[PDB]
Amino acid sequence: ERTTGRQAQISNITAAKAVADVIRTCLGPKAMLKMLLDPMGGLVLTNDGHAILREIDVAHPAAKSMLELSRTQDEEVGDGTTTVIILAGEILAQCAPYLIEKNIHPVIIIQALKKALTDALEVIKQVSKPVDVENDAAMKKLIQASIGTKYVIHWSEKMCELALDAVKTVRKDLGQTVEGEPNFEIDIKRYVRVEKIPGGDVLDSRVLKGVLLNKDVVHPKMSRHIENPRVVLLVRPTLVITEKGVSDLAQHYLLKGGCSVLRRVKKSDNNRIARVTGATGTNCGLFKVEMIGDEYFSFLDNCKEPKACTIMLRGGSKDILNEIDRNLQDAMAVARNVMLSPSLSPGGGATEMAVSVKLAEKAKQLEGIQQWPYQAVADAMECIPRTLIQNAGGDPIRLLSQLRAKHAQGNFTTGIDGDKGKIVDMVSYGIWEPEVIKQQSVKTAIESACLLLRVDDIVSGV
Amino acid sequence: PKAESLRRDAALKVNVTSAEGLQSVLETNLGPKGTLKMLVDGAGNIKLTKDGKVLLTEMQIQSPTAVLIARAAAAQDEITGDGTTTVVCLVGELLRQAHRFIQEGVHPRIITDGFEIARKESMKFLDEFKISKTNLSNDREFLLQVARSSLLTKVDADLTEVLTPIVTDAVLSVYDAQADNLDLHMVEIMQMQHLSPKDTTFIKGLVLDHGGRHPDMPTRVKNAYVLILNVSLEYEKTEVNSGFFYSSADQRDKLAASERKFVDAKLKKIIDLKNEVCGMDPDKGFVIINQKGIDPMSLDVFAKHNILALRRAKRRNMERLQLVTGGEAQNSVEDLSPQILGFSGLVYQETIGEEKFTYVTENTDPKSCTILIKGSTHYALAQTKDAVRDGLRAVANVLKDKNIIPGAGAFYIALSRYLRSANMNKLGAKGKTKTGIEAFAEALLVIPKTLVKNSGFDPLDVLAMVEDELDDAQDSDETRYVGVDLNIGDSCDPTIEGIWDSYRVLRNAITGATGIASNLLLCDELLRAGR
Amino acid sequence: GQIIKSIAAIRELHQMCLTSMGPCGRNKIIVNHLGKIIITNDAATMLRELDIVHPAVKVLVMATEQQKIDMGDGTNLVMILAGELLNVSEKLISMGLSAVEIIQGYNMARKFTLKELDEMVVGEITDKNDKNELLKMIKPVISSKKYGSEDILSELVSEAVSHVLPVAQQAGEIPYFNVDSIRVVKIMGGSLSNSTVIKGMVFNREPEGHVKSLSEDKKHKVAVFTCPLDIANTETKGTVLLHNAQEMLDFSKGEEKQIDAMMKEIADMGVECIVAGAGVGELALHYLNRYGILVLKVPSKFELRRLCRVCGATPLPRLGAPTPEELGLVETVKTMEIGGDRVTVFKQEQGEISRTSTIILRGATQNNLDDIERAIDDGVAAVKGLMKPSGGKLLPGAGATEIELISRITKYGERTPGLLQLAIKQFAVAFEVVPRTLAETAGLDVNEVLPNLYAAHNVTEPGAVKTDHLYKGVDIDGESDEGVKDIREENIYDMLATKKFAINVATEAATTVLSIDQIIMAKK
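Those protein sequences? They're chains G, Z and q, same order as listed.
For the first sequence, the residue numbers in the deposited numbering are 13 to 246, 290 to 335, 349 to 530.
Using the deposited numbering, you'd call the opening residue of the second sequence number 8 and step up by one each time.
Using the deposited numbering, you'd call the opening residue of the third sequence number 26 and step up by one each time.
Treat the hints as calculated values from the structure; they're not laboratory data.
Treat the hints loosely; a few may be bogus.
[Said to hold, decoys possible] PhoX-like, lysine-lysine: derived pairs with alpha carbons at most 25 Å apart:
(1) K436/q - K430/G
(2) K162/G - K9/Z
(3) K20/Z - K490/G
(4) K490/G - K439/Z
(5) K525/q - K114/G
(6) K42/G - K311/Z
(7) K409/Z - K490/G
(8) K432/G - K450/q
(9) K114/G - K30/q
(10) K430/G - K450/q
(11) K42/G - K441/Z
(12) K450/q - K9/Z
(13) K474/G - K436/q
(14) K450/q - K474/G
(15) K278/q - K289/q
(16) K426/G - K359/q
(17) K374/Z - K42/G
(18) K432/G - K289/q
(19) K9/Z - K114/G
(20) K9/Z - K30/q
(21) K450/q - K426/G
(22) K127/Z - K42/G
(23) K430/G - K491/q
(24) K30/q - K432/G
(25) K127/Z - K488/G
(26) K450/q - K114/G
(27) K436/q - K426/G
(28) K9/Z - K491/q
(29) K488/G - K441/Z
(30) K441/Z - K490/G
(31) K439/Z - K76/G
[Claimed, not checked] Okay, the calculated beta carbon distance ranges per label pair:
(32) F269/Z - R319/G: 43 to 49 Å
(33) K511/G - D511/q: 41 to 47 Å
(34) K491/q - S23/G: 56 to 62 Å
(35) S23/G - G28/Z: 37 to 43 Å
(36) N472/q - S23/G: 21 to 27 Å
(37) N472/q - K511/G: 42 to 48 Å
(38) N483/q - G112/Z: 54 to 60 Å
(39) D387/G - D479/Z: 51 to 57 Å
(40) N472/q - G28/Z: 42 to 48 Å
Here a beta-carbon is modelled for each residue, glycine too, at the ideal position from N, C-alpha and C.
Using the sequences and the hints given, assemble the complete structure.
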């Protein structure tokens, strides 16, 4: 019913820790598969953490809050879902003796995690290296990490070009000190939403800026090329577009007015038309209705970059385009992180080790009550690369101490390799990860870990 | 303060232990010396099948580990169609050989990655070990011994000599010589009881269910014309609504015969076709299919002209009769043409009170076959049908793929010897890889030990005679294949004995059993959720 | 997981010792099966009265007895430190670090600590044996045991030590101070302010005679007679019996003339004191009253050993042979009333310097009476630690030693590469239990006093030479304060011989527990 005293703080830690300890094997390319027992004869053979956590029944409400965090993290970026859950669960494990045995007030721990969150972001920015976002050949290699070892490996040459133009279409580079930093206003969900059309070719597939409709002209004889077409949503306009259907009586009335009637338009697509037009249609680029792939199309595009559109996907069949959907969306999440800042971070756990080394040295100069929980954070930052060591077959005791000693001498970009299993450099061997995932993994894990410690009693009632 | 290294071992051991129980069950029935398993639901369903995939579909297993084992054979039956039990034996035995290595502290990733490296190296040695066979049709004598590999497994070997010419002549008769392919859907299997299984014979044409019943019907008709009749010969009524009004019973026959004149008018044009073309010529016949029913009045009319009367034919079986006979379907009698008649040979009908079958056999270009499996008991029908369907699919990959591999554990023993000496010469993978290759090499030697274990001969003596013979063949500068002879107990030459396995069957067996068995050891913990 | 449960069994007894060291410590009442209550504040003596079941605790008990036998002080530092080494090693065992490198890490950290003990010496004891100089060593010994008595008991203990020590300097060949030279006696009544210091043993029994005390003459002769007072007869049997009334007059007068003849020869030799270890007859006390001989009976043989080292007397196996060579000499003996009852004490004046002294305790509390008796015994061994093995060197106490070692050990952790860094870092963290124990038992907040201790020894000084105050230890407060204060104000220091010996014993104590992965026992 209700849990008071110090026993409630233990139940809050073990709730999110029991879930994070099981998914420890889901991290890295060497991640081991998992097997769940359903009441039905089927089972889940995949190692994806997002699919497994949704099928696990939980009791304590702290585990339910960790499930909602994985859903938000999965929408921002494609991978790194299990990294946030494990990092948020290990912090509570290292702070367990301090909160219970040492009898340290929880707000002191919460206030220390907020101070360590700022210091953790400054270290990652120093370890990161500059990268050119305008190079078309460099962006294809950054996306290639999410391309290869997948069914798209045969089209990988065409996929890197298709994913490149898909990101370049939604992004626009604008900045100044007058109106501030717009941050490019990039949204994958609404603006980058794709429509799969059967037939065509993947190489010939292009990204058109606008809304694509399959409805053709309602009159047999009409001009298929308009100089300055004007889109009107519902002055003597050059075009008439209706959301619902249009009877044949209105065809002859608007025929003498020099405008085309277009019916059967979806409501969700009307919001994207306002970006290429502004109607609550002058300077419209191409009116060509020419049929492509035995299906009548329409071109709403123009000479401007509204940062809104519908990507037209074409391929050999519908089954091929279905796998491209989830593969292209996960590939653009890495390219979107490159445009958020011209910096890259070393993978394989090198970024996780770079924060723990600089945190222990800086915490000794503060000389305050917050110094003790900083050592628990540095130990939690080292568990992420150590988890990959346990899955790589190497000695977790030896490889952890030898890697930490190399940071005091060498650089912070030296991680752990999954294929080999020995300490190697990430930059020279071509292992890279974006910094935005590292920023979202540390920030969301600390913010979620503080909320779990703020509840000292479980209230039962409706 | 909880950090546990106790997560090293988990229910994965039970996952391996649960696979050990399934191995001991399917170890006894593997091979021609195996045993015939029987499952009973309790409602009267009794099926006797030695195949592993067929039995696992009727048994529910709560352990999720054995679920993927049954699902691994789903791609084997739909492609290879043979070796479902052998794949299971390779998955279970590989877990036992790796059990000793897990307790020593070996990480399962090296064990898993070591199997994929040995699998890729096995494909290189597989191309050199295989033998390419020509597509010429003179290999039928060689295909007789190859087809016995699948036949001797599911039976006691007494019925193998009877089913050998039936399976061989079924595919080769309808298959012209080219790349092309073969279709087993055109071969229909029917069953009838109250007979012995040794009476099974080959059928060139199609077997019909309902036969004609009349004492004066001709028993044997040679060189008869098949004619599809789509009109109903049963009782008919006036096209407009009316009624029968009669004061006496004698007046009823006048109104009843008025509606019967529609059928008798069409029968006059049918009997004229027989006498028009080769009416008085000897060795001639006229047979009416008549998928629809037959009125009792036409029984005496068709008997005087020696015309075979048939009724109630399956709609699916009518599509094959158009290909075998060649005659087109004739809907109307007025539109009947003499070119509609097809061609057929001697047609004899066996007289049995329960059922009567019509033989469409002895045709120039039938382009179809029928395998009739008849037995008195219930298990005799299911056991023989399992050997025929497994035999047709085993030979299916023999004619398509020009490569053939010797069976009886020839490739399993040879591959284990090649991978053993090749690992020390290369040493390009890793020093810890030897644990995965040695476990994979020893896991392939269970198949020759399983076959000899059911025969009663000492598996230790047959293992030493094969290894000592292969060493003497290398120093003699020649190529000699060695195999396990189950009857005598010593080695044997697989080329002389005639034991051969398809290339695609053993290729997906080693590759399929490697990925499934490796994924089993990858499970860290068994979670129960969703209820 | 038996090695983890073994630490939990010690953890149950670990919290008992956490409330022992420090001013909050209290004695424990233990009722023996024989109906006797022994009350002592000392932990080493407490372990003797407690029955230990698990043999894993016996390893710590045997290591605790080593501290009491040799140095006699620091038993609380050995048990508490050894118990914390198992707690910090529990995280390393659960982390997956083998106990082999954990044991090897302590051997490397122990050698680094012993080499730094010579550079941490602040003052040097000149061994002057002055009354004011001994106040610095005795004060921390009485401290953390009984509160309020540290000022009064400091002058009583330091005065008795200077009486038994001769005048010498820079000579370590011949030992002088023993552990039996200081005896503690108790009597009902009085107070701590009225207590005095006696230069010799104190006898609380009655003289059993009409002579209360001897005269003021110099060099009184004292003779110890082990043979009882009676007429000389056959050693075998020799029971006096009366067959008839005729022999009664000869046997009665014979015993009177024989005893009087022996006492006359002894009185002529100048012996005014006769010590009879056995019983004394009725007729023997009549002659000793007229000759003015003090009657003293010491049945205990343990008290006669220390008496021979003072006056020089020797026990005689016979009676009636006053050999002047073996007789003792005492300057002055007096009988005065101390504690409400008249008793005959033993002291000196100038010559025949006594090597054994006794401090008389007075008080109205029975519980605190035995507390000081057991507390002085811990201070007796502190004087023994002034000898050649690092007797003059001293280190600052009051938690300042364990905190200062944290910065020195962690500096050498990153210097030594390899897996040894895990055991070196945890070895310095285990020293944090000492400052936390004094702050927790005294009611001080952990969020306040503890962070001020780390900032005291760690400061930013623009230069290589250390400055400001490195002497700040753990403060008990008791009135008011802000942060901590300097320990040099109260002059509380710890000897090097006590601290260095406690580290080697505590290191081998936790080494035995971590090395044992299996325990096999059977019922008795």
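Results of checking the hints against the structure:
1. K436/q - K430/G: 15 Å, holds
2. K162/G - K9/Z: Violated. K162/G to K9/Z sits at ~38 Å, over the 25 Å cutoff.
3. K20/Z - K490/G: Cα-Cα ~29 Å, so violated.
4. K490/G - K439/Z: 14 Å, holds
5. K525/q - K114/G: 29 Å, violated
6. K42/G - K311/Z: Between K42/G and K311/Z the Cα gap is close to 83 Å, so the pair fails against 25 Å, i.e. violated.
7. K409/Z - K490/G: Not OK: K409/Z and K490/G at ~46 Å, beyond 25 Å, violated.
8. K432/G - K450/q: Satisfied, since the Cα-Cα distance of roughly 14 Å is no more than 25 Å.
9. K114/G - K30/q: 21 Å, holds
10. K430/G - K450/q: Within the cut-off at roughly 17 Å; holds.
11. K42/G - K441/Z: 20 Å, holds
12. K450/q - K9/Z: 20 Å, holds
13. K474/G - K436/q: With Cα atoms ~17 Å apart, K474/G and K436/q stay inside 25 Å; holds.
14. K450/q - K474/G: 18 Å, holds
15. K278/q - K289/q: 17 Å, holds
16. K426/G - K359/q: 77 Å, violated
17. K374/Z - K42/G: 54 Å, violated
18. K432/G - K289/q: 86 Å, violated
19. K9/Z - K114/G: 15 Å, holds
20. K9/Z - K30/q: Holds - the C-alpha atoms of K30/q and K9/Z are around 14 Å apart, at most 25 Å.
21. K450/q - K426/G: 17 Å, holds
22. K127/Z - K42/G: Given pair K127/Z, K42/G holds - Cα atoms ~19 Å apart, limit 25 Å.
23. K430/G - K491/q: Roughly 22 Å between the alpha carbons, so the hint for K430/G and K491/q holds.
24. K30/q - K432/G: Judged against 25 Å, a Cα distance of about 34 Å means the pair is violated.
25. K127/Z - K488/G: 19 Å, holds
26. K450/q - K114/G: 19 Å, holds
27. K436/q - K426/G: 17 Å, holds
28. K9/Z - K491/q: 41 Å, violated
29. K488/G - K441/Z: Satisfied, since the Cα-Cα distance of roughly 16 Å is no more than 25 Å.
30. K441/Z - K490/G: Holds, at about 19 Å.
31. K439/Z - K76/G: It is violated: about 42 Å lies between the C-alpha atoms, which goes past 25 Å.
32. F269/Z - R319/G: 43 to 49 Å: Violated, at about 55 Å.
33. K511/G - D511/q: 41 to 47 Å: Between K511/G and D511/q, where Cβ atoms are some 45 Å apart, the hint holds.
34. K491/q - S23/G: 56 to 62 Å: Given a distance of about 48 Å, which is not inside 56 to 62 Å, the answer is violated.
35. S23/G - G28/Z: 37 to 43 Å: For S23/G and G28/Z the Cβ distance comes to about 39 Å; the hint holds.
36. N472/q - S23/G: 21 to 27 Å: 25 Å, holds
37. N472/q - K511/G: 42 to 48 Å: 27 Å, violated
38. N483/q - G112/Z: 54 to 60 Å: 43 Å, violated
39. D387/G - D479/Z: 51 to 57 Å: 55 Å, holds
40. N472/q - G28/Z: 42 to 48 Å: At 60 Å between Cβs, range violated.
Hints 2, 3, 5, 6, 7, 16, 17, 18, 24, 28, 31, 32, 34, 37, 38, 40 from the list above are not met by this structure, while the remaining hints are.
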